[PDB]
Amino acid sequence: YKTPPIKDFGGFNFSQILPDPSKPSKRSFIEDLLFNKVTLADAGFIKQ
Amino acid sequence: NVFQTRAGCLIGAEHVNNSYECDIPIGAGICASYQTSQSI
Ligand SMILES: *[C@@H]1O[C@H](CO)[C@@H](O)[C@H](O)[C@H]1NC(C)=O
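These protein sequence lines map, in sequence, to chains B and C. Count along the first sequence starting at 1, add 788, and that's the number in the entry's author numbering. Read in order, the letters of the second sequence correspond to residues 641 to 676, 689 to 692 in the entry's author numbering.
These are computed hints drawn from the structure, not numbers from a lab. The C-beta atom is built at its ideal place from N, Cα and C for all residues, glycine as well. Take the hints with a grain of salt, since some may be wrong.
[Claimed, not checked] Negatives, chain B to chain C, calculated, CB over 12 Å:
| # | residue |
| --- | --- |
| 1 | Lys790 |
| 2 | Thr791 |
| 3 | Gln804 |
| 4 | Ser816 |
| 5 | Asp820 |
| 6 | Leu821 |
| 7 | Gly832 |
[As the list claims (entries may be wrong)] Here are the computed distance ranges between Cβ atoms for each label pair:
| # | chain 1 | residue 1 | chain 2 | residue 2 | range |
| --- | --- | --- | --- | --- | --- |
| 8 | C | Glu654 | B | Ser810 | 33 to 39 Å |
| 9 | C | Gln690 | B | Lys825 | 45 to 51 Å |
| 10 | C | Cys649 | B | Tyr789 | 23 to 29 Å |
[Unchecked claim] Sample of chain B residues with no beta-carbon within 10 Å of chain C, all distances over it, derived:
| # | residue |
| --- | --- |
| 11 | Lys795 |
| 12 | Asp796 |
| 13 | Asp808 |
| 14 | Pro809 |
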């Protein structure tokens, strides 16, 4: 399901968790913070 | 038929632009199948 086309939910603000079409990913601000907190260890998938 | 993915270099399968319910999981969002002559 596509994101809502218009935003008149009645006062509720969902821009905090909805994706922002400004970065190469569809991650919102909360998702970006959560990704930034925990750090991986596999270091990608390619090591020649 | 050399193809480059984020899981490795794939040799022996041609690359297309469509998207179906994938058959054999390769990895990193890439799958493979046996289709039509006959090839992978
Ligand atoms: C191949 O090396 C180049 C850097 O020259 C890089 O763009 C690319 O990430 C490497 N291949 C993969 C699958 O990461």
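Structure-based check of all given hints:
1. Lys790: Given that every Cβ of chain C is farther than 12 Å from that of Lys790(B), nearest at about 17 Å, it holds.
2. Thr791: 20 Å, holds
3. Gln804: Its Cβ never comes within 12 Å of chain C, the nearest being 28 Å, so this holds.
4. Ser816: Per Cβ check, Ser816(B) is outside 12 Å of chain C; nearest 21 Å; holds.
5. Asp820: 20 Å, holds
6. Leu821: Holds: least Cβ distance 24 Å, greater than 12 Å.
7. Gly832: Nearest chain C Cβ is 8 Å from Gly832(B), so the label is violated.
8. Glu654(C) x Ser810(B): 33 to 39 Å: 35 Å, holds
9. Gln690(C) x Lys825(B): 45 to 51 Å: The hinted range 45 to 51 Å holds for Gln690(C) and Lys825(B), with Cβ atoms some 49 Å apart.
10. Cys649(C) x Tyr789(B): 23 to 29 Å: About 36 Å separates the Cβ atoms of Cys649(C) and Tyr789(B), which means 23 to 29 Å is violated.
11. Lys795: Correct as stated: the minimum Cβ-Cβ distance to chain C is 30 Å, above 10 Å.
12. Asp796: 34 Å, holds
13. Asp808: 22 Å, holds
14. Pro809: Given that every Cβ of chain C is farther than 10 Å from that of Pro809(B), nearest at about 20 Å, it holds.
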